[PDB]
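Student: Each chain, letter by letter, is given below.
Protein chains: 2
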Amino acid sequence: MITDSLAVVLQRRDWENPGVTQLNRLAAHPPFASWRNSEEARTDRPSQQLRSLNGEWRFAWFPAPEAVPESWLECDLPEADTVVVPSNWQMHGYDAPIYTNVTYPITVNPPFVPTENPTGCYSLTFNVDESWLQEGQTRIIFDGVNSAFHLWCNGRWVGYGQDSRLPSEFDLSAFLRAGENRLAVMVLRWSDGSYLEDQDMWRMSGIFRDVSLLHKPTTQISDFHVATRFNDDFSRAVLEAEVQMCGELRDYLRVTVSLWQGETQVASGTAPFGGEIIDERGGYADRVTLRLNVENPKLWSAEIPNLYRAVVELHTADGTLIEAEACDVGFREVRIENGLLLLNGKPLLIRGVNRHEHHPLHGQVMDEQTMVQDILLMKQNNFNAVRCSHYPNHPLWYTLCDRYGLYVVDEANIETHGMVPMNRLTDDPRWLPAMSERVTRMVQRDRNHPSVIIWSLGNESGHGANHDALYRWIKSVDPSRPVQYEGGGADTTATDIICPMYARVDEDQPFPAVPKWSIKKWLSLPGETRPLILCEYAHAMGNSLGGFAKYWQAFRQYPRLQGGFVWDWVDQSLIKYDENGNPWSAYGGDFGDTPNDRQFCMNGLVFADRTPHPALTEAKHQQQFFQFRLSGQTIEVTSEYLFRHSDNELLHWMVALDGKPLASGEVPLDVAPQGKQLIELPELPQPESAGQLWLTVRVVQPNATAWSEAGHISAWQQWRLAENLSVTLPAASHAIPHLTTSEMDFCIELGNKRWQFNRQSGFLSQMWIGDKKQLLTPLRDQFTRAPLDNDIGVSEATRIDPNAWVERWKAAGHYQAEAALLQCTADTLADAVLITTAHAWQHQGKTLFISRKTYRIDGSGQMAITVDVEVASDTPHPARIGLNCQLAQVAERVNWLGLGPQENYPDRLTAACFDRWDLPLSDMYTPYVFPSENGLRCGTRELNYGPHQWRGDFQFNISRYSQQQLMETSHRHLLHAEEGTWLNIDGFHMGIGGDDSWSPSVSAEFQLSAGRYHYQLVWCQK
Amino acid sequence: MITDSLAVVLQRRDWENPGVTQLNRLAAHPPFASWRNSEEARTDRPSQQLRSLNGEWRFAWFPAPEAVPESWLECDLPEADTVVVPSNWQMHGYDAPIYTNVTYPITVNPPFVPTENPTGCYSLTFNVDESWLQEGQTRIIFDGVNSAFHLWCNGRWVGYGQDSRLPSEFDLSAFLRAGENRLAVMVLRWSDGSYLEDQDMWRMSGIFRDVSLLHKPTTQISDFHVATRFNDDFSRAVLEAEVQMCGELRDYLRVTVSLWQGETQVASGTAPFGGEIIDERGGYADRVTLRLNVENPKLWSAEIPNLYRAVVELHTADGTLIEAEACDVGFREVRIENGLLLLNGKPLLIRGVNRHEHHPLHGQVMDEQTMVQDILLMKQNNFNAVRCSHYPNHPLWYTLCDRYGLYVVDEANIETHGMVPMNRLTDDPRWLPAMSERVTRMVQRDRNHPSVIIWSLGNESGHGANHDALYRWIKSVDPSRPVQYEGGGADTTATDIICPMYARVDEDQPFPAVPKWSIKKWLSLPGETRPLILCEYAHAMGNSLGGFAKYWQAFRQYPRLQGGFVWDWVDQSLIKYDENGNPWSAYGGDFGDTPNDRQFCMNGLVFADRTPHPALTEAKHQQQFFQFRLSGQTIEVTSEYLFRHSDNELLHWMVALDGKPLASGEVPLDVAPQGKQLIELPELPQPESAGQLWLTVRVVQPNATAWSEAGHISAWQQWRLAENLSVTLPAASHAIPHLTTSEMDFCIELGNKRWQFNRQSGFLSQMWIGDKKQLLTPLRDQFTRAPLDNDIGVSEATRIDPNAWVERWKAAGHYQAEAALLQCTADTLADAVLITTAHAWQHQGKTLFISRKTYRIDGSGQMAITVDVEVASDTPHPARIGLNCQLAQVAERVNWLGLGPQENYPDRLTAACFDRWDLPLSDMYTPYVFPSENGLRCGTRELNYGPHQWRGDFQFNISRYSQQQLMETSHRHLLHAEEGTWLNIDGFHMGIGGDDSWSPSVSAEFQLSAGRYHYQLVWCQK
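Protein sequence lines, in the order shown, are assigned to chains A and D. 520 is the number that the authors' numbering gives to position 519 of the first sequence; each next residue is one higher, with no gaps. 637 is the number that the authors' numbering gives to position 636 of the second sequence; each next residue is one higher, with no gaps.
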């Protein structure tokens, strides 16, 4: 009673002692349901022995654990509110969530936490059945409680837990009473284990996972391990099932291991308890092993996820069933040989993506629906693997990955990024136990899931001897799954697969003592033989993911480059409400946190509500399982599938002349795994009309898969066919334009058409049709764009990074350059009026750009603008070379002939196809929450907007928001639509990068460094 | 106050929780003295900052920890006695010590200990200086406290410790007060960590090691690591010294690492704090590394232990010294290449011996004098290595080994022999932290000692993944020292050196799943490349250590067989007092323990009082560093030294004819390391007198070494030179014997001489000279001996082992065979009287042995006895074939010409030399505490005892105790001298074994299995 009081518990600061990480906590095991019937376990029916405690709980908040009154042990306080479980109290409003990347959210002082420790007091009052108390053992399972937590049952102290992403089990057989039962959980936000929880997420705390109650008999199945051994041709399989019990040893106890495929029983085995002799003292008397022979097993893979149901029944000699535990087993073997990772004897090509557990509305509380939607999006966007992102995930996630066929790289909850140096805790043996608790238990939890193929020690923890010891422990316990570790440059002895972060394809970044070579050179280093799979690459932070084509070309060309994991899947945004209560996404810094990072949480390929980014189309196109090669008139189709045959795919081809279709057809696909097929196209019609012939092929799945709908497109490709150049001549313009030369203006009139050039500025001041003005602002040049997330880097107002693109642009005066008029002349021709303008942009007496324009008004109404731009070599390369204007008329449709229909950039245009796309103006603006340059469409041959038509080769972006507004504003909900419509037509555009979000990632081939540029535009009224 | 009470502490059973192994305990480090002066640290002067708390303490004993009153926290109880510290309370009489080998001393139930937990309450009241409280940190160091212990300072709880053989340090800066300070230590005999302390010793408990108090400044030298890197010729050395501090970081702090050889400074280095960049966050700001260049360093080895003094001085920029820490560094490099362990580029030949920390009087409390005496005995008996025997030893032991030059194999305190199976705790990750605490700290304690060359994970713990993880951790932290592990058969991945236990030279013992092949076949197994060094071999249990010559021949012949460790050095006997108080040695079972083993603790090469066994001479002879080969007249001397030159050795040769010297000389030895020398002997005198010429060479050290006296002999050898057979004839016997044939007797009279044969028994009933009887019992046959410790094995009264030699002997009726007379005839010759006797030994109607004897009385007085013995093939081989008698006269001198002067056996006669030895009768009996057969001398050509002289080739043993008394009695102090003197002359003797003490270890070449034997004896009066 006295020892169960708060004073005794809080005197021993278990949240500040690295030696003490658990108290009265049961050992980890694969998930159990305690089925009392074999048929219920085989069909995965819900078990009445498994009770869910999720629901309405009583919550109280305190600024310090010592501020909690002791009367909370006896009864709930009247001021306590009613919340839901699982839920995080930071989302409710009790505490402000804090986001951080490198620095710790608390003062670094291991193993001491600050005194102001936020404390959550959870209470639940329920009723238990009397049959649960007469016999058996009743335990409580917390699937996850953030940081440390103390448990009380009926006013008596039960145990203490420290891990956040691993289940904690406590025995309540001697604590539960018959009738009313009230528990009391005291959760602390910061503990000593939070020094190992420095992951890239929002730091929330509380019971964010399910709380369950399990009842077992007096004799239990404490653990069971399953493994599969194959031969060279994978025709005979040996399933080894080792079962460990706990409790009294009796001679009549038997274990039956049954394997089922659907409803058909495949193999079975019944043996009495007692194992083989291992040591001089004998063998285990409480473990029994079973060897089941399977003839021609259906192998498991991400393409075909064949699953078997394994039921372990502990019963008596007479056949009376005591307990039954079921699991899903997939027959597969991952092994590294000759420096190659082989699954079922075939080289894997990982198309994975980093995935953070982030609910759109509930924060870190993950449910089945969001998980299923994420899996469907991954599989539809050509992803076959998923990384757990530096912590263990929901146990249901692995089951769903087994069901849908996704490779899983399970990660431990170890991260010491804030420590200086990074191995400060990972080399100290005093922290060796705690890290092991965050590893070994996880190894014991998900070793029976065929989706899990690679174990991970951690990330951004440096390299310590503890990491080597844990790597050796995992390799000794589970040799079936190769493991990896990023820390130490990923060339250390703690890894079997070279897994660097953001290693570029060709350019090297030789950091001191931790260099990041190119992957091609990394494979060619002396003494290196392990395969290379990128744990983190292609940082997609907002408008990003450039150079993905180079990455996948390097992956496909090199046999030992087996792909990588895109970082990351889902944006980490928190919803917030304004003074109307309108919902809007928010990033770090919007919750009143002083030690926070900016929008660096807002990386991913989808939004918070699983809305796909334009980069997801690029990711889908670059990860296609079908490669196409057009030779002459035939098409070579090469499948990248390793285990499945092309039985649910057909090829659909279409030939188009400048967006107008001419011929089409459907050819079924019959391709062997990693095979070749030849498709002979029929006679392709080639008209004499001017234009370019484009051939587009797509792969359509006719039937509905478990993860895709009917008519889903999995791959596509486009080629340029024969071109017929336009050699016809325009008709002679009977009407001639009339030019009036004012003192300050040049006005050209052609019937309805009218133009007015301002002689003081040298730009096209106004356009007129009838009596309606068409320009709110003059058509000027634009050598700057809104800075992207990759351009800013890690540069803030208080910290200036000289290597960032935006800092070099503003340092050279690109955003502050004022145009100075040099020449502005006008003269009439025989059938046209020529306007010659020449300007120069200067900053502090230094000329940066010189623009010379020639305007030609034809008698047919066309405006021919030829622009020549000279850029200084010493100045930083401009991000844009082209024009800028604000039209005075808004339109509801935009019809452009060019590459689309998605947002594409010079380094991200492979996914876009050349066609005629008619889209609403609302879809022209990509709703990035952090405002930046967006909506650009490259390869545009024609652009129709309202009464205006632009022709030529250019990159256009059209939106309701100016570039200066996108520069000034920091949130998308604060953006307001301006009058008219802003249009930016650029002759040349500069890349976006995407290798990393802290260094210049744009390759030299996509930089505007030629020096002299020229582009021609034709503006007419349609 | 309330939390400091006993109720709060004992509510949390920290001795029953594997997760909690330490509370408020400082990190491990190399030993510190906190010198405030550089000259004091260089000369290793005692430091006044280091206080010793050893002395008189107040002790109380309680049967349970819950029985301790709380008033013990405030003041000592009046009923508490005054004991010494360090000391074990089992020796005082509070508790009975228990010895056990395999089974646990408690009921096996991890991690629960029995409720009846013996508890010792220690208290010390002292005074501290005020200057220690104004500044700096004061800590208390327990060098060793057995099992768990709780600490209180001035009534306030300080910490909790669990390890027994490793130091535990607690901070007392906030607990100590000015003036009187009283501490309170509560020590528990059994804890959860005792499951890892199942070593082969007496289970004592209490504070058995030193208690010390250390004072450090506010800025400390927390740790320092030293390492040496060499080139291929070991001419240039790089000493790397890494220093870690604790406390405030200041810019003026400097570290000076100075190296001294005697008084001469060799190298120095001063650098500011700050290390190299290691990770992306930078490097350590509190560690500084120093690289010192040494030109032509004096390498350290067991032959020449060259030592340097390394002084690390933390001071300021102006030169004000803050702290100084000194250590001993030896320049050496142990590395395994090509499957060979090389020290300084030379293949080591380990001559080690297992050594248990066992004081002759104080139990486990070890002091400097006993350690120095043990080291001197080891070095004088040709031992160059010593194993820590399954636990860390005194920190002074490693320093003394560095000073005297002994290789040390440091072992961790891990042993789970009683667990079924043996890896039950070593594969469970829940016990992974605790084992790491018993490893990593030890790695941090003795990594700066050049004597330590091999780390050890443990012994008899099976094989678990925790062992692999710990092996990888040690290999990552300290790659300079190769490690080994016995568990799992010593072919597992957790070892680098194959170290089996009691692996025989040629015969295999294929145990299931843990086979013990022969070492020669073990080296030749497929896929095996690691060298083989026996961790335990040649079990010397009492009369043992047979076949050592075969072991060392195998070691010398095979390059990859690099020797082994004899088991063990010192007997584990406890002194006890009888009702006179006379001291006598006692083994397990004499302290009222029901779960105990018998004298299996009483193994070793020396007694409790360091009295050498006769097997120590064999160990010394078989481990000589000089090998001799006699060819013709010259002698080849080959040195086995690897680094030293023969500068303190001279060869002394002597030629003897039947024990009478003829020529001698001294030749100095000038032999290179592993070199060859040729000694040409002068003209050896060969007289025509009958006899055998023996050449004996010895190696004598003239000067006094630090471990040997002047005139010490290190090696010796003997050879048989040319033999002159006796062809002369005995003189004609003028007097003839007179024979009287009685009905029941045959009486032969020859002047003074008289003999009487009993016709009913057929044996020599009596001998007479004058009127004095010479035989108390008739001279009969003896086919049995007292069973040795190797013959009994693990067989007791309640457990019968059918493979034990003694059980086969008593099952066949060897000890119960009754002699049946077959023939007894007498007849006079021309000058002699012939007596022909023939007997037969039977048991249950089955004849075992048949003896036929011929007695001849010559007129000169000689008795010629020719004995022929026939032994059945199916019966077990007898241990002895020869005669037995009890003379009626005791004598004070025994003069025998034969092999001696030590106790030698047919498999242990290599150390004995053939000469004439005159020794007292008291030295004829080896004082083995467990009575067995002893005192046998083989190769005896003549034996003079009183008026009797025996001639021939025989093995004799003479003592005051009969063989039946040695069989019946179980202690040496209960033995009583019988009337007369018992003499056993045997024509043939059977081996003793010694490979192990639980299986028949005698080779087939030393077994009496010929079937027919013959021997001749000549008995006369001199």
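Honestly, I wouldn't trust all of these hints.
Because identical chains share one entry, a pair is satisfied inside a single copy or across any pair of copies.
As the list claims (entries may be wrong) - Restricting the straight-line Cα-Cα distance to at most 20 Å, the calculated cross-link-like pairs of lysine to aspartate or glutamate (EDC-like) are:
no.	residue 1	residue 2
1	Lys517	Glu281
2	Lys517	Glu277
3	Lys476	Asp492
4	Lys476	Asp507
5	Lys521	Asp492
6	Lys476	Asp497
Since the hints were made in silico from the structure, they are not lab data.
Student: Look at each hint and say if it fits the structure.
Tutor: To see whether the hints hold, each was checked on the structure:
Taking the shortest alpha-carbon separations for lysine 517 and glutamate 281, only the inter-copy value of 11 Å comes in at or below 20 Å, while the best intra-copy value is 50 Å. In this assembly of identical chains, the alpha carbons of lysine 517 and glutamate 277 lie at most 20 Å apart only when taken from different copies (18 Å versus 49 Å within one copy). In the homo-oligomer, the alpha carbons of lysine 476 and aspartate 492 lie at most 20 Å apart both inside one protomer (17 Å) and across protomers (18 Å), since each shortest distance falls under that limit. Neither within a single protomer nor between protomers do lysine 476 and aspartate 507 lie at most 20 Å apart by alpha-carbon distance, with minima of 33 Å and 36 Å respectively.
Taking CA atoms no more than 20 Å apart as the test, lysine 521 paired with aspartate 492 passes inside one copy only; the shortest distance there is 14 Å, against 39 Å between copies. Proximity of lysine 476 to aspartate 497 under the C-alpha cut-off of 20 Å is found in both arrangements, the shortest distances being 10 Å within a copy and 18 Å between copies.
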